[PDB]
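Turn these sequences into a full structure, and let the hints guide you.
Here is what each chain is made of, one letter per residue.
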Amino acid sequence: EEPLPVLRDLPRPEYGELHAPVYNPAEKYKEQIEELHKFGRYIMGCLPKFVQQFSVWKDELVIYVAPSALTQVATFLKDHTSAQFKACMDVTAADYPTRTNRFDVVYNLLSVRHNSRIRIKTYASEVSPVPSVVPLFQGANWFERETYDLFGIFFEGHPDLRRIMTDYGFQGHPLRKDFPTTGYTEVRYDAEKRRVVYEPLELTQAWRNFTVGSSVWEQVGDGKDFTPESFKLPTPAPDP
Amino acid sequence: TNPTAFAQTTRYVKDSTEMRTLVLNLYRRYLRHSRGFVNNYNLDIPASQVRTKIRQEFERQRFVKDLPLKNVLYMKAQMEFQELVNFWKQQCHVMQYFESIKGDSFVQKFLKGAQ
Amino acid sequence: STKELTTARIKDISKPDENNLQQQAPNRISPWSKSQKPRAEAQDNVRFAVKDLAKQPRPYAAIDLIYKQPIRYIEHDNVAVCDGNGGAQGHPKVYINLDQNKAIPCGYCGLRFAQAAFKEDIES
Amino acid sequence: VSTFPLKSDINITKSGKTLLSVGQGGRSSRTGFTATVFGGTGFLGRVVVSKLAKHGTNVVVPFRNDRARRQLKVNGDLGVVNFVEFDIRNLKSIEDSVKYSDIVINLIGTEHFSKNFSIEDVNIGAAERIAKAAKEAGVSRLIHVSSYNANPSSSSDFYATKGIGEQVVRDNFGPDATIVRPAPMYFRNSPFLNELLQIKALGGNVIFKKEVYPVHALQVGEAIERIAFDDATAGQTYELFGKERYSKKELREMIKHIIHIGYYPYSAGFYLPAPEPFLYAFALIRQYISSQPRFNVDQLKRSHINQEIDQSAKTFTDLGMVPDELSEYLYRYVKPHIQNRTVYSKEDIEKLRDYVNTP
Amino acid sequence: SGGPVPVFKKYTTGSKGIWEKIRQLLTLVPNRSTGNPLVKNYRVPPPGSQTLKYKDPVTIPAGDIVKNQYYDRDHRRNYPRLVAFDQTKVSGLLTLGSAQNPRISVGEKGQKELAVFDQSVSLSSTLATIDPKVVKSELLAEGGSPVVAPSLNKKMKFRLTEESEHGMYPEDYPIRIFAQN
Amino acid sequence: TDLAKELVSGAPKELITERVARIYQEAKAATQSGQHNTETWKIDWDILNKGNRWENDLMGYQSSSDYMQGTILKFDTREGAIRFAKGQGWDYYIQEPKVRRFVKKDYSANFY
Ligand SMILES: NC(=O)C1=CN([C@@H]2O[C@H](COP(=O)(O)OP(=O)(O)OC[C@H]3O[C@@H](n4cnc5c(N)ncnc54)[C@H](OP(=O)(O)O)[C@@H]3O)[C@@H](O)[C@H]2O)C=CC1
Ligand SMILES: [Zn+2]
Numbered sequence: 001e002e003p004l005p006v007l008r009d010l011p012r013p014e015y016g017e018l019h020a021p022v023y024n025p026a027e028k029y030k031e032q033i034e035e036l037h038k039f040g041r042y043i044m045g046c047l048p049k050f051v052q053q054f055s056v057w058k059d060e061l062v063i064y065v066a067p068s069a070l071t072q073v074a075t076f077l078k079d080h081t082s083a084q085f086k087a088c089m090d091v092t093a094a095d096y097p098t099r100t101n102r103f104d105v106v107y108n109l110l111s112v113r114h115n116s117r118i119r120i121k122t123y124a125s126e127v128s129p130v131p132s133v134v135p136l137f138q139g140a141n142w143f144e145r146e147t148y149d150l151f152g153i154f155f156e157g158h159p160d161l162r163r164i165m166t167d168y169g170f171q172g173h174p175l176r177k178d179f180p181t182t183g184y185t186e187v188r189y190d191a192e193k194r195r196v197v198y199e200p201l202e203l204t205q206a207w208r209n210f211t212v213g214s215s216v217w218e219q220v221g222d223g224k225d226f227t228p229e230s231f232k233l234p235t236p237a238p239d240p
Numbered sequence: 001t002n003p004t005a006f007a008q009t010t011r012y013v014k015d016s017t018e019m020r021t022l023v024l025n026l027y028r029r030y031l032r033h034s035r036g037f038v039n040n041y042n043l044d045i046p047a048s049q050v051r052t053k054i055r056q057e058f059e060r061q062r063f064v065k066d067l068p069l070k071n072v073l074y075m076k077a078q079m080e081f082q083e084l085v086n087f088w089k090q091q092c093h094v095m096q097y098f099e100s101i102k103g104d105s106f107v108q109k110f111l112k113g114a115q
Numbered sequence: 001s002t003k004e005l006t007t008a009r010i011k012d013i014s015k016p017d018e019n020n021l022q023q024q025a026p027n028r029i030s031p032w033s034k035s036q037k038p039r040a041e042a043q044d045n046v047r048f049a050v051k052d053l054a055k056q057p058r059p060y061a062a063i064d065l066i067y068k069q070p071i072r073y074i075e076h077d078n079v080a081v082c083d084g085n086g087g088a089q090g091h092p093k094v095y096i097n098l099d100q101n102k103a104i105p106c107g108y109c110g111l112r113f114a115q116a117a118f119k120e121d122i123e124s
Numbered sequence: 001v002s003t004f005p006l007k008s009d010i011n012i013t014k015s016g017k018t019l020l021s022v023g024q025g026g027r028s029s030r031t032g033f034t035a036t037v038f039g040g041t042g043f044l045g046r047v048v049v050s051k052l053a054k055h056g057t058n059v060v061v062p063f064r065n066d067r068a069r070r071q072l073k074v075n076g077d078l079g080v081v082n083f084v085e086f087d088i089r090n091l092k093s094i095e096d097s098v099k100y101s102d103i104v105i106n107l108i109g110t111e112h113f114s115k116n117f118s119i120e121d122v123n124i125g126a127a128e129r130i131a132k133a134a135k136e137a138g139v140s141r142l143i144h145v146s147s148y149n150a151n152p153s154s155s156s157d158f159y160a161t162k163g164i165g166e167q168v169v170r171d172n173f174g175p176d177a178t179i180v181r182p183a184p185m186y187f188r189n190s191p192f193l194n195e196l197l198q199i200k201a202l203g204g205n206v207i208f209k210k211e212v213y214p215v216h217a218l219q220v221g222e223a224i225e226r227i228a229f230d231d232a233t234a235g236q237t238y239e240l241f242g243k244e245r246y247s248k249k250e251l252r253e254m255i256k257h258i259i260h261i262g263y264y265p266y267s268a269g270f271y272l273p274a275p276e277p278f279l280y281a282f283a284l285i286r287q288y289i290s291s292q293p294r295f296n297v298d299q300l301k302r303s304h305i306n307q308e309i310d311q312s313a314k315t316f317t318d319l320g321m322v323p324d325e326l327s328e329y330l331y332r333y334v335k336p337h338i339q340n341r342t343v344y345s346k347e348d349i350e351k352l353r354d355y356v357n358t359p
Numbered sequence: 001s002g003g004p005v006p007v008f009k010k011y012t013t014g015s016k017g018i019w020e021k022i023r024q025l026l027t028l029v030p031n032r033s034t035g036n037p038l039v040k041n042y043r044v045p046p047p048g049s050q051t052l053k054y055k056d057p058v059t060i061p062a063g064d065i066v067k068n069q070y071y072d073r074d075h076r077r078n079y080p081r082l083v084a085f086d087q088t089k090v091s092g093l094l095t096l097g098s099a100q101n102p103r104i105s106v107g108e109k110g111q112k113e114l115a116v117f118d119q120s121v122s123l124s125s126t127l128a129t130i131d132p133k134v135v136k137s138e139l140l141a142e143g144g145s146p147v148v149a150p151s152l153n154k155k156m157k158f159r160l161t162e163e164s165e166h167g168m169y170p171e172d173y174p175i176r177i178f179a180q181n
Numbered sequence: 001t002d003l004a005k006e007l008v009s010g011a012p013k014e015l016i017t018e019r020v021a022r023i024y025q026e027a028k029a030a031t032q033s034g035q036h037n038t039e040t041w042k043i044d045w046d047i048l049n050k051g052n053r054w055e056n057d058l059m060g061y062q063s064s065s066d067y068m069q070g071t072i073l074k075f076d077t078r079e080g081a082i083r084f085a086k087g088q089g090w091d092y093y094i095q096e097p098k099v100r101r102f103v104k105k106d107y108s109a110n111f112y
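Chain order of the listed sequences is A, B, C, D, E and F. By this note's numbering, the letter at position 139 of the first sequence is numbered 139, and the numbering carries on one by one without gaps. By this note's numbering, the letter at position 103 of the second sequence is numbered 103, and the numbering carries on one by one without gaps. By this note's numbering, the letter at position 91 of the third sequence is numbered 91, and the numbering carries on one by one without gaps. By this note's numbering, the letter at position 185 of the fourth sequence is numbered 185, and the numbering carries on one by one without gaps. By this note's numbering, the letter at position 15 of the fifth sequence is numbered 15, and the numbering carries on one by one without gaps. By this note's numbering, the letter at position 40 of the sixth sequence is numbered 40, and the numbering carries on one by one without gaps.
Read the hints as simulated data drawn from the structure, not as lab findings. By construction, the Cβ of each residue, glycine as well, lies at the ideal position given by its N, Cα and C atoms. Watch out, some of these pointers could steer you wrong.
Each pair of labels, with its calculated beta carbon distance range [as the list claims (entries may be wrong)]: (1) C:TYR60 / F:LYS105: 56 to 66 angstroms; (2) A:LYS193 / B:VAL23: 29 to 39 angstroms; (3) E:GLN24 / A:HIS19: 45 to 55 angstroms; (4) F:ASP91 / D:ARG70: 39 to 49 angstroms; (5) F:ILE72 / B:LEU111: 51 to 61 angstroms; (6) A:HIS19 / E:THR161: 37 to 47 angstroms.
Below is the structure:
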């Protein structure tokens, strides 16, 4: 039944000068880089008709396929035992207006089987449809519904495609780069009509674009080479 | 999982003629529900004008030539119908849709700041 | 009047009064910036029609206060070091050169430093 | 409404004030003016305040009912609609309601009298004191509102004080004071369309024989906008009314079918005919028993007077606005009191007029 | 372990004297704390009235005045470059081997071969025409075995515990607690 | 590309009829000697002849009714900008960047 200690007063460790090793954080992914490279090539060899190219970054493997190669590669990665990606976590997009097909549709698959994640990238334009993966993954029903709402991508084969985020009868797809961040209209309560009405946008304080004062010097270099020494073409050695 | 009421599958049509049959079919579906649109949305105008303004918006796109433009304008064509039937829009939105409204002389625009 | 109340001056002309609500600040009559809106014009507005101007915020003008400080005088050195008299709770440390025969104010604090040998001319 | 309430962005007043507008006319825009709507918490004030504040015109709203003014602020942006507590038995408050203004509007008026104010003190005393103070406060334009039969010779007290009220304004403010004489204004929650919809209307036959001309409350609100923003309307008198002639007895019955209300209308008390000497007596008693404004004696005399049009005054064609007929607007203002919903267009309403008068 | 702890060993207010004996006689579990913190212990020197003079911590290699060149520890600019392997480079690696396991001739004869895969080479053709041992050695693994998806955590394993060890719900409740192993 | 893609973007009609966009490459700033902000092509919209900026009466803000005032697009090839402008049916005009003329600079030139 001893009285409780006063934890404020108990002695604390004494340290002199602290030492912590400095080493490149990208080194600890070295083993993961080779194994994704091998398994990335394996998918390409199995399906040369579809896999345009594959890429590895640290611990993330990406497979680049055409829109017409989507259902095939998705099915292969779902059913093949060596790569059982039953769970699709994310369906999204990104806008790069400089490219001919601006939208870049990206899928993230999870394999609870082997504890792995794979990424599928497939492009799309404003008018060209993309196959819907809803027949394979039911979890993409709303992720495709969201991508259309914010990017206007036509998804072929979706059972019920409609707005999910923006208001009903909202004009324009917000995440397209050409859509201004403040939109086009705004609402207020009109006394005469006894109802909330839309009016064209008019900001009391116009948005200030401080992004113009960005860096005029390039800030990060060319990077470093971390490709496994088993995935570089050998240099033909000079002759005697 | 099952789709909601008045839903349709999203298929990219590849024939021009096939689309017009869908386009013409959809037009009566708008026309058929016009009285219910007034009743459900408590519109202050008779259903005749509701049928009147539906037709105009179809013609606005009549002269598109390229096919990929035709589908997307049809894909979004169905979506606006589906929301209207299921009472998803509020009364404020529908009123303002049909409550919408000659340009001033050069002096008049100049006098008031123009654009 | 409205002549001093609407134009900025380095120093005022008449003695400021704390009760006069038309002054720019309770301890200064005229504004201290060329683009500062006079307080007389600011309160001549519809939104002040039924207000109590004595209870609106009237902080003491900082220009008049800072010139009430004495000039620091440095002995046998032409460079003064100022840090806001708080170290880690002041401004960054800035070194002031006192070769010219005048009092050079600090960039942040506004304290004026000079040389002791120059005090007699400065105090004229 | 539209997109810009002005015809020009620079507007010089009678007093040498140069008002420069900024913006496109939306919420964040301004017009440079500063009005003062008296009785903005009244029926007509709410529409008038809303239109002015909708386009960035600062509006000072003197009020006495603290809660009734709260909903006025939604119409204007930050700092636009300002509130000044006042009482017409207080002069200092009125001299602050008009201190910074460039337009003064006077919607204060009554057809009933109270234990603290009579009709003489309100329709005549208040308007006079406003114009006297608005003149000494250097206001360029004053707009006044009176009844539709302003006639200082009328035996009715309402048109006796409303008619004299016109004079004492121009005799106080001067020969620049505009005057507006709207017809019975119909709108949502309007005093006119109310008693037509009220079920237990005691003395219906006595009250509803009076004939008037319907007029849109919004058009009256929009008309007042055109008057304030135009300097060519100074000293002019406006008689605002509609074209088609309607009688309350016609309306009280045309309304009856839209409401869809056999034995019931007689049993429910919809028809409550009354000998006139009783009505003069019961309305006499409620002046000092009821704590609320009831249908009083003076209002009874008005039921004996049809609307008169003073043809020497102006109309909506002077403002380039087409008056709106009650045919197209009666239905949307009875939907609150109202298978398939039965919708009446202009043709449906006019045909319904035929049925009422057909025996 | 997380075994039950006597009430007087927890920093909450507890009764004393006759009421302690009443509290133990009537409560279901006598070692349950009221939850009201000890006034004399909890936050007693407030955060604004402490005694510790804080000093900025600095590990030596990255905070030193010496042997502390920034380019040694400038990891943000040593990021891994983005390399995409198209079908052509896979074919070149497949046919010619890798940099570690060369299968290319030397000198100008080799420079002839590398230039072959410097332009488009579809991988469908490459697998059709190459030694079957190459696939079993380069593309596939362990003598023709497939390539299983790599694991993000080679140390992710689980094992079944029991209530005498995990302390949670007994065997009857419909959940099982998994350890690391 | 050739399609009238603007009919699916839901953008207001005024960007086609009433506004003018500009395709330009940002110029080098005189103050600084860096040459990196001048390597990507950008699209910006012209300001409005009235209602671009006006002073808020109450707090002195900068009110605006231009919903494209803070919209700048980025590209990496000139053609992609022109193609994208063509796709949306924008009434653009291209601003060709100036090219600095090469002049060799020698240390010895100060005396020769
Ligand atoms: N259909 C109609 O409404 C018609 C009305 N008119 C006249 O238009 C004028 C405006 O009335 P309207 O808006 O339509 O409806 P109201 O009768 O409700 O408006 C009366 C206004 O005057 C104010 N008022 C009355 N007495 C006082 C007082 N002692 N002190 C301060 N304010 C007072 C009221 O303030 P508060 O609200 O706080 O009580 C109210 O704002 C009236 O004179 C009316 O006779 C003429 C033709 C048609
Ligand atoms: Zn300093």
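Hints versus structure:
The beta-carbon spacing between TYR60 of chain C and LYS105 of chain F, approximately 58 angstroms, falls within the hinted interval of 56 to 66 angstroms. Checked against the hint of 29 to 39 angstroms, the C-beta distance between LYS193 of chain A and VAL23 of chain B comes to roughly 33 angstroms, which is consistent with it. For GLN24 of chain E paired with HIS19 of chain A, a C-beta distance near 53 angstroms keeps the hint of 45 to 55 angstroms intact. Between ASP91 of chain F and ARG70 of chain D the beta carbons are some 47 angstroms apart, a value that agrees with the proposed interval 39 to 49 angstroms.
Between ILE72 of chain F and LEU111 of chain B the beta carbon distance is about 34 angstroms. The supplied range of 51 to 61 angstroms is therefore violated. Between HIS19 of chain A and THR161 of chain E the beta carbon distance is about 38 angstroms. The supplied range of 37 to 47 angstroms therefore holds.
Of the numbered hints listed earlier, the single one contradicted by the structure is hint 5.
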